[PDB]
Amino acid sequence: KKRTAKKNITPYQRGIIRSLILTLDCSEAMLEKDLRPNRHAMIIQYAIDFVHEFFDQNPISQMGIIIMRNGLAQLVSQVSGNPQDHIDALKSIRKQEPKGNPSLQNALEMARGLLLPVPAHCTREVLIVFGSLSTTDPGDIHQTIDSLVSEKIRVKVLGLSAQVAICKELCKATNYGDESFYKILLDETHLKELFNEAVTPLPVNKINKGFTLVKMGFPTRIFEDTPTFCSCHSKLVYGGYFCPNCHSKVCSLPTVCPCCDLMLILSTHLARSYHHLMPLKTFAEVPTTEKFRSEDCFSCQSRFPXXXXXXXXXXXXXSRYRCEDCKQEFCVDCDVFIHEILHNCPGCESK
Amino acid sequence: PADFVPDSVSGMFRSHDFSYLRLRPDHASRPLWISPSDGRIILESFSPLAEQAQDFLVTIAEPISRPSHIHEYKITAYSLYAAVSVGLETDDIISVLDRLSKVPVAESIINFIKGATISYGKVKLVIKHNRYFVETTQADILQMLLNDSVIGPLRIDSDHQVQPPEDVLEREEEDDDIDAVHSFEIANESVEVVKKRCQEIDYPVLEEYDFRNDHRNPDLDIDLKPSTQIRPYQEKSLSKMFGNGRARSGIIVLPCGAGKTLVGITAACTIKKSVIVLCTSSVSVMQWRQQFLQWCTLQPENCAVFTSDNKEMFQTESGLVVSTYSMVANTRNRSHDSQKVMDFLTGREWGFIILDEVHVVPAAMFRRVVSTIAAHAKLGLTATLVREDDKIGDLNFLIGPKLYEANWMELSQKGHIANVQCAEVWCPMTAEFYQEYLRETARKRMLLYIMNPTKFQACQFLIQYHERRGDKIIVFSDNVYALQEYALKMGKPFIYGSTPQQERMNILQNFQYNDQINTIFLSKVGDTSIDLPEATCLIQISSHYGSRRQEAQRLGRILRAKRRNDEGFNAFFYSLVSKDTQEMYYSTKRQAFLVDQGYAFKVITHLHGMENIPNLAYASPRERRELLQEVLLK
Amino acid sequence: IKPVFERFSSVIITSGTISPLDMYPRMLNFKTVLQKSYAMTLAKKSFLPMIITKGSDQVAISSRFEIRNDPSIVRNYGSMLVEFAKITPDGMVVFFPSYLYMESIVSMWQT
Ligand SMILES: [Zn+2]
Ligand SMILES: [Zn+2]
Ligand SMILES: [Zn+2]
Ligand SMILES: [Zn+2]
Numbered sequence: 107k108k109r110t111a112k113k114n115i116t117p118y119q120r121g122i123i124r125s126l127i128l129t130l131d132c133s134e135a136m137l138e139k140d141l142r143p144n145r146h147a148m149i150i151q152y153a154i155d156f157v158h159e160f161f162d163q164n165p166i167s168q169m170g171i172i173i174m175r176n177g178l179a180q181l182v183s184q185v186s187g188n189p190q191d192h193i194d195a196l197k198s199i200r201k202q203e204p205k206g207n208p209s210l211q212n213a214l215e216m217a218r219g220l221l222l223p224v225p226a227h228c229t230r231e232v233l234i235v236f237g238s239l240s241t242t243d244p245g246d247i248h249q250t251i252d253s254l255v256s257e258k259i260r261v262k263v264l265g266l267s268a269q270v271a272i273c274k275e276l277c278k279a280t281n282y283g284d285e286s287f288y289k290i291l292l293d294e295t296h297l298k299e300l301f302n303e304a305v306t307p308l309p310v311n312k313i314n315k316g317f318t319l320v321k322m323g324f325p326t327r328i329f330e331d332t333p334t335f336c337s338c339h340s341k342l343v344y345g346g347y348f349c350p351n352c353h354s355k356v357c358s359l360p361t362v363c364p365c366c367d368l369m370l371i372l373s374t375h376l377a378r379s380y381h382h383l384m385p386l387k388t389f390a391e392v393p394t395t396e397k398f399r400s401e402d403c404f405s406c407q408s409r410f411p412x413x414x415x416x417x418x419x420x421x422x423x424x425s426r427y428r429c430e431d432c433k434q435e436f437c438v439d440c441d442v443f444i445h446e447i448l449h450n451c452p453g454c455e456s457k
Numbered sequence: 101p102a103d104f105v106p107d108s109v110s111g112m113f114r115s116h117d118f119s120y121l122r123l124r125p126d127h128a129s130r131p132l133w134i135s136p137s138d139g140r141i142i143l144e145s146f147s148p149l150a151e152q153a154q155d156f157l158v159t160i161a162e163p164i165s166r167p168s169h170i171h172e173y174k175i176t177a178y179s180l181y182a183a184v185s186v187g188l189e190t191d192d193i194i195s196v197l198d199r200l201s202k203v204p205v206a207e208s209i210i211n212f213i214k215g216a217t218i219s220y221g222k223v224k225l226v227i228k229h230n231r232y233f234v235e236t237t238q239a240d241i242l243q244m245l246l247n248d249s250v251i252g253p254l255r256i257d258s259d260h261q262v263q264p265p266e267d268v269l302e303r304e305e306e307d308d309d310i311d312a313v314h315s316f317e318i319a320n321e322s323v324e325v326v327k328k329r330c331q332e333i334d335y336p337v338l339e340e341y342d343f344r345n346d347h348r349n350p351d352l353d354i355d356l357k358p359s360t361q362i363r364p365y366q367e368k369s370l371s372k373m374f375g376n377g378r379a380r381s382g383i384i385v386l387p388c389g390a391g392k393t394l395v396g397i398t399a400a401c402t403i404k405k406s407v408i409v410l411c412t413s414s415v416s417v418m419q420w421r422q423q424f425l426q427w428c429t430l431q432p433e434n435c436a437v438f439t440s441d442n443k444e445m446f447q448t449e450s451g452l453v454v455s456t457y458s459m460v461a462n463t464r465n466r467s468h469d470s471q472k473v474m475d476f477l478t479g480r481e482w483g484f485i486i487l488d489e490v491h492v493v494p495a496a497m498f499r500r501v502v503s504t505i506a507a508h509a510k511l512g513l514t515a516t517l518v519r520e521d522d523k524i525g526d527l528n529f530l531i532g533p534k535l536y537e538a539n540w541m542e543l544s545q546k547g548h549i550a551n552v553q554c555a556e557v558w559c560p561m562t563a564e565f566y567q568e569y570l571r572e573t574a575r576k577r578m579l580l581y582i583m584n585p586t587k588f589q590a591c592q593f594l595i596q597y598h599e600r601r602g603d604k605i606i607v608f609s610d611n612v613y614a615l616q617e618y619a620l621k622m623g624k625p626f627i628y629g630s631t632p633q634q635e636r637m638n639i640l641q642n643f644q645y646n647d648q649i650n651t652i653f654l655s656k657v658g659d660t661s662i663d664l665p666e667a668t669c670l671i672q673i674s675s676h677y678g679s680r681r682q683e684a685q686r687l688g689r690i691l692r693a694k695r696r697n698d699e700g701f702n703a704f705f706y707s708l709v710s711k712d713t714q715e716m717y718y719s720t721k722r723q724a725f726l727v728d729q730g731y732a733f734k735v736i737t738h739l740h741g742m743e744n745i746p747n748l749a750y751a752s753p754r755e756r757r758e759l760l761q762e763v764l765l766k
Numbered sequence: 446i447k448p449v450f451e452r453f454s455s456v457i458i459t460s461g462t463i464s465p466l467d468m469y470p471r472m473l474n475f476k477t478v479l480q481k482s483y484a485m486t487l488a489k490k491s492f493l494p495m496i497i498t499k500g501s502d503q504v505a506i507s508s509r510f511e512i513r514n515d516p517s518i519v520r521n522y523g524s525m526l527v528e529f530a531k532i533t534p535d536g537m538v539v540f541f542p543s544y545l546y547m548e549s550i551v552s553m554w555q556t
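Protein chains in written order, with the deposited numbering: chain 6, 107 to 457; chain 7, 101 to 269, 302 to 766; chain 0, 446 to 556.
If you're looking for bench data, these hints aren't it; they were derived computationally from the structure. Some hints here could point you the wrong way.
Stated by the list, open to error - Think about it this way: if two alpha-carbon atoms lie no more than 20 Å apart in a straight line, the pair counts; the simulated DMTMM-like pairs of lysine to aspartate or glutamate are: (1) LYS139 (chain 6) with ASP698 (chain 7); (2) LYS139 (chain 6) with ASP526 (chain 7); (3) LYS499 (chain 0) with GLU367 (chain 7).
Next up, chain 6 with everything else stripped away, as it sits in the complex:
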């Protein structure tokens, strides 16, 4: 009675430097009382969460937002590295209400040309939030399907608690013909995890492609406050940074330089990918009796592990999630939180 992936085929190329513009539906379909306020308002509530988390888990990526109203698609946020512009946009969109019907193809092409300026290293991907059962297409979608795949842009979409075969085909078509990207929801928490699994990069098996090196520099913080003066926005900045090359007083931003146009990053964003890059194997729950290890947690101090021949209480299980590489145990609360937040296996860290 366990719901776990048999193995995690992460080990190599994933989607790290990302250029995702998720597309929403703003139609009468999103207006209906499927979720407690409705689809859209709860979704807008739900959608807000991922934005910062996307920028949290993937600060090395850029993102804009497009919606679809009354049989027409409408971009609503610029592709940027700052959540706030995207964040503040949804607040109006929260106070805005979905209307009419969505135009899939309008979103198809508006986003398609939107991703044209994206560089090769920045990985192009799109995700869709759809509620209806039909589209509004000014032309041959399969042509656009052909156009997108010719652009080599894999895509995952998540419709509502239903299936669309072409959308099932589209996620298939976008993703090298591999259909694992039309997963749909059945519950709000089951919807919540969709956000939770979305922040992850996307390794399956990347074809041997041109791999590009990157050159940039770190920024240097400005100290004075009374000297308030800004260049990237022509403002007065009571504290900022300096480009490694153009050497411009720049406000706090891990984004690209505005003068010689180079990426400015200190350290934090880099190691975020690292634990993503090489994660650990799950701490294996050691057996109730075949383990016979120390009656305590390893990461934490959880002296209770079972119940010791207590009829079924001990025959239930043994909170003995043991990392295999370290051969050291961990309490489930510790072990799950470890794999949840910080891989950093102390048993493997200690050597």
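Chain 6 is fixed; fit chains 7 and 0 with the ligands onto it per the hints.
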């Protein structure tokens, strides 16, 4: 003996003893908390079975409250008859929820529940020839039938009838008790004496309505067309009485002002056979047939109205009858145009009878109408569940089982009357009003405190609010001059006491068809009996309103239904009552009964622009003194 | 079938619809060897057989009443049908008992 003994089981068994009594140990493993000795059922958020529970408890018992965490319970011995109308597995209700109910169930309540549920339900009622017949659910029914004298006066000694059993069924016995026993035919006049003894002898019987036994072989064609209207709570509550396809004449306390006629024109035309529609009085019924039926399917030329003074199409109406209780069976049938109608009502089959707020009238006139006609079905669209024709033999069981009661939150919230709003505006009093409160000491000040112009000011916003919000306005004010003293103030084509119709017909063709006119009103003559028009905003003023049975009638009726969910409160209500007055008690007593039955009651004494609205005519307290020389004279 | 019965012994007949497998031996007056039906070995439902005797009105609804229209049954059917169009995905077919009956219901539903 003839007093209403079996009707009032609801709300019983409310007691407990701390020091002496004991507690059901199951509370710890007890998701729910039902108290039989206390009469309530506290199924809070811990009680998750409110879906089935509300389905079962609503039928079995009464809802004490509607808390967000969980509603409340009322000991519904009448709900025992209501649960008797359900008939599901009895143990599951006591047992399946009993696990949730941590404390044990009430034993005396259980003994009462045994008496209430099936105890008063097995006397005798045989079925004869596609109708009720001379038999019994129990042999005592036959033995009492063997002793039947008043019942025996009008029965066919044949076990049943084909044409008589179709017609005589000595009247419609299609509401007879437990069948599957040998019967004897029932004649074609007078089951009144059959049910006369049952009032005094108390035959406690399990009944039903054999709906298809209302064959009514001659089908007097009706217009089953979508000209008439319907909203979803009907096709639930109607479906409650419709049953599974085969429409059963059931008992439905239907407020006139809930799509009442909408129920009928669906139902009646559904029978597509000879129907009788019936309202109070020849003058009163006239308004009733008028203002809904022609946008609806009905045309006046066929729904004939008699008085014995209005010689109309009796024995010749190609259409059905809309009738007047006054005309039908009363001493003042002092001529013959009404007389031959019954002769025709005996002469012609009748598959449907419509009853409207007959709680106004004693059954003396009413049971007179039912003593010869020999119909097939009836329908009492009741106004108040406590009435003067609901004796031990209730009208709740002559048409059919219970199917509709005071639960609009489950029913009316289907978009039919969704987002039901009740508000009690407490207008602060002024010196002159209170000096009037100081002045006299009688119920004539009912005229001298209804006169509040700030109440008009608050209502004037509601006018302008629903001038713009697109909500339908109803103002309940039986006044005449003060209405005109405010009809001049408010400024729309005015409906007044003793209005000639066509202007109101223009005013209501400015209500169903036009929008430049944005207000209407009700007096003591329109009500009654006008078919209450579209409603998204109600204003009510009178609160003494003899009787409370009329008030419990007045509650759901003055606020009509609305196929609406767009408005945040698809039926606004406003009880404009000047605070610190006599009717404050009455309006608050109304306010409790506003919140007693589930109507979403509230209070807004801080109106949205109470004074900001224009035409503040007579606003100044000296102005409130200037004209006060008039109202005191009332 | 008798000459084709006569000409050969090895003959194979199959169907996913044939029920019961005994009328046809009665009908075509022949003896088979194995009269057996196979069941779908599915660990999942994959199809919901639904008998709508009662509509939203809970009316026993039928096509045997007439070859004509009665909105009590028909408009109930029309109201019943439309809710599927919203929820169902691409792919939904109806099967009338008769083409003339098919057209009969079409025009008024169009109306
Ligand atoms: Zn700046
Ligand atoms: Zn620079
Ligand atoms: Zn631990
Ligand atoms: Zn480890």
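Right, here's what the structure says about each hint:
no., hint, verdict
1, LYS139 (chain 6) with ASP698 (chain 7), "13 Å, holds"
2, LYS139 (chain 6) with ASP526 (chain 7), "42 Å, violated"
3, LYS499 (chain 0) with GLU367 (chain 7), "14 Å, holds"
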